[PDB]
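One chain is shown next in structure tokens, namely the form deposited without the named molecule.
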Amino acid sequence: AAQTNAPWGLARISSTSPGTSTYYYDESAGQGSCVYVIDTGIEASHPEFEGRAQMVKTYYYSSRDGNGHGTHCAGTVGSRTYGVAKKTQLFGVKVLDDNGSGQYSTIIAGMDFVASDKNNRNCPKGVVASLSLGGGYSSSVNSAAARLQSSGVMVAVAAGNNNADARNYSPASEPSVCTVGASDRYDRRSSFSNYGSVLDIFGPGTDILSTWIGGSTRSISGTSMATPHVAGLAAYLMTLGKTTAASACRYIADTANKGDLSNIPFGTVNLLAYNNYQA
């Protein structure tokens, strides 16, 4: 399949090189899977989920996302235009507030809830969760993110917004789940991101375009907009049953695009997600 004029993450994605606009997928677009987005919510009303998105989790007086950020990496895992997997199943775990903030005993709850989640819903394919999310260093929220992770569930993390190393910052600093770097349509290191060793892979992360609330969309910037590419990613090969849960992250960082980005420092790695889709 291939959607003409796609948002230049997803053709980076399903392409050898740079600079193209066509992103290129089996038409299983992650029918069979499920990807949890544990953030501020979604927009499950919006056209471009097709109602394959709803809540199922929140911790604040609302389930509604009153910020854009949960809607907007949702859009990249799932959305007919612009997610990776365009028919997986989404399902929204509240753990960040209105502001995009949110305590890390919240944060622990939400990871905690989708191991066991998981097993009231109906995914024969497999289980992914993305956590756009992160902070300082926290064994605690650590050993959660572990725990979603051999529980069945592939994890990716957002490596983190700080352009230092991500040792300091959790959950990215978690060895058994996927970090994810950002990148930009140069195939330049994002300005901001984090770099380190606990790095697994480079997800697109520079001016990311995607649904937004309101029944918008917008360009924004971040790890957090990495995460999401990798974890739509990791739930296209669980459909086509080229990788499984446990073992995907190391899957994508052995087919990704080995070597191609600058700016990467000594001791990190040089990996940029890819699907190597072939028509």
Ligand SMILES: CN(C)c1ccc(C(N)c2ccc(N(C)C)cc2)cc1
Given for the second form:
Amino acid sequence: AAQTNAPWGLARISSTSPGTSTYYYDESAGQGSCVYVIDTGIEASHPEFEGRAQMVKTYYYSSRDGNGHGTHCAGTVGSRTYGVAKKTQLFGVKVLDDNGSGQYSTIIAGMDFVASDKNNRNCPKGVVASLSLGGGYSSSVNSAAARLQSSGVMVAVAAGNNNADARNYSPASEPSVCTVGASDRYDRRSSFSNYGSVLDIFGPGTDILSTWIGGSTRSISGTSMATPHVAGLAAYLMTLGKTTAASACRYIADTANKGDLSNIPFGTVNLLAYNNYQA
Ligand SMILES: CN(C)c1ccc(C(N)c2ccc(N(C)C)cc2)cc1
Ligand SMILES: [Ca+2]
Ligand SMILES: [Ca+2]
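In place of the form deposited without the named molecule, the structure of the form solved in complex with the named molecule is requested.
Entire complex below, previous chain first.
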């Protein structure tokens, strides 16, 4: 399959070179996989999700995404137009308030929730969790991410947006999950992207067009936008049977575009997520 005039990020993950505008992907499109987006919620009624999204848990008064961030991330995972895995199903877990903030205890609860909840869902091709959030180092936040990964879920987390070593941020600093840095359309490390030896992979993160609340769309930037590209790609690869939840981060790194990125500090991986699609 091919999507013409795709958002640049989608094109980039299906090309060995920057500058292309077509997203090439297998028609299976992540069907049979499930991705939990742990964030400010998801506007499930957005036409772009085609009824494939639903809220399963909130830690606040409502399950509504009153912010937009969660809906944007979910759109990059699995919306029709802006999504990597266009037939996956999406589950929203609202651990962040409508200001985009949340306490560590709530975030931890949301991760434990997913580890249990996945046992009540029909996801024959596997389960992914996308965490576009983070804060200062916390061993208990890292431990919750490690548990989620251990339980059989492919955990993708944002590196953070402080142009600093991700070792001082959580859950980015948890080695057992897949920590994702951001790149721009010219194959440079995004100016805000964290870096460091704990990074596993880079994905498109600068000027990412996706779904927004009120049935709208907008372009925003962050390692928050890179993470759902990798989460979507994981779901896509699991559906194809190329990898499992336990080994998906390693498979993505193994099959990545290598050495294409500029402005990568010594000690940080030069690896950009790539779907290896061959028609
Ligand atoms: C410091 N830390 C762990 C962290 C910081 C920022 C973010 C992030 N999602 C973010 C930060 C800034 C902005 N802007 C627009 C300033 C957007 C997203 C995530 C983690
Ligand atoms: Ca290349
Ligand atoms: Ca890792």
